[PDB]
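Asker: Since the structure of chain P is provided, determine the placement of chains E and B with the ligand on it from the hints.
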Amino acid sequence: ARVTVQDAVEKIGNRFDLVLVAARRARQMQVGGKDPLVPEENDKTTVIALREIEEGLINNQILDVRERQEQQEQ
Amino acid sequence: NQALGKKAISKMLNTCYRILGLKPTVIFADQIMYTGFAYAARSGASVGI
Amino acid sequence: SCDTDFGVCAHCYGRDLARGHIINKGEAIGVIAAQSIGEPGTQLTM
Ligand SMILES: [Zn+2]
Numbered sequence: 035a036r037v038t039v040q041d042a043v044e045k046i047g048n049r050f051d052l053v054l055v056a057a058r059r060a061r062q063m064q065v066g067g068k069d070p071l072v073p074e075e076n077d078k079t080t081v082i083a084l085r086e087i088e089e090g091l092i093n094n095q096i097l098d099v100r101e102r103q104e105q106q107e108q
Numbered sequence: 662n663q664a665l666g667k668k669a670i671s672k673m674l675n676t677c678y679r680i681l682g683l684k685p686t687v688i689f690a691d692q693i694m695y696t697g698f699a700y701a702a703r704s705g706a707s708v709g710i
Numbered sequence: 708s709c710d711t712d713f714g715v716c717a718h719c720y721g722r723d724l725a726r727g728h729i730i731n732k733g734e735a736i737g738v739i740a741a742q743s744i745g746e747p748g749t750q751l752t753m
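Protein chains in written order, with this note's numbering: chain P, 35 to 108; chain E, 662 to 710; chain B, 708 to 753.
Read the hints as simulated data drawn from the structure, not as lab findings. Careful, some of the hints might be misleading.
[Said to hold, decoys possible] Derived EDC-like pairs (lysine to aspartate or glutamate); straight-line CA-CA distance at most 16 Å:
1) P:45 to P:89
2) B:732 to B:746
3) P:68 to P:104
4) E:684 to P:51
5) P:68 to P:98
6) P:68 to P:101
7) E:684 to P:41
8) B:732 to P:51
Chain P extracted, bound-state conformation:
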């Protein structure tokens, strides 16, 4: 779990767009059709998305390109 989101905040620094990005990632991982890109340690989807953001592996641009690639595949 993440007691503080400062590490995730400095990756995409707005403290406001981070909430939207994490909400989108958590929605993807929760409603189905997605699997976590970071090892899952019994914690909920919110902190998984936050840790993916903090590790620098999830961002808005790459989320958009992944959605575009999924649309192109279908």
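Answerer: Frame of chain P, contents of chains E and B with the ligand only:
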């Protein structure tokens, strides 16, 4: 190296935040409160007549 | 003297006091200012 009278401790936390960041200052605040409680209890400070 | 329309420039308003960095866009600075001014007052001697 002071008496830490309710103001030096506040400045301690402020300098820790300014220089180190947020996670170190949160851990520092938790440790400060733990050790302060423990040693205040050990001191046995009591008010008498 | 923000000189902008319907808002306040992120630079003309200094860094926010809650965080070290400069204030990001979208923060509702008016409500924060009003609450900060009105939080004392229940202790002002009148
Ligand atoms: Zn301005």
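Asker: Look at each hint and say if it fits the structure.
Answerer: Verification of the hints:
1. P:45 to P:89: holds (8 Å)
2. B:732 to B:746: violated (25 Å)
3. P:68 to P:104: Roughly 11 Å between the alpha carbons, so the hint for residue 68 of chain P and residue 104 of chain P holds.
4. E:684 to P:51: Not satisfied, since the Cα-Cα distance of roughly 21 Å exceeds 16 Å.
5. P:68 to P:98: holds (14 Å)
6. P:68 to P:101: The given pair, whose Cα atoms are some 11 Å apart, holds under the 16 Å limit.
7. E:684 to P:41: holds (9 Å)
8. B:732 to P:51: holds (10 Å)
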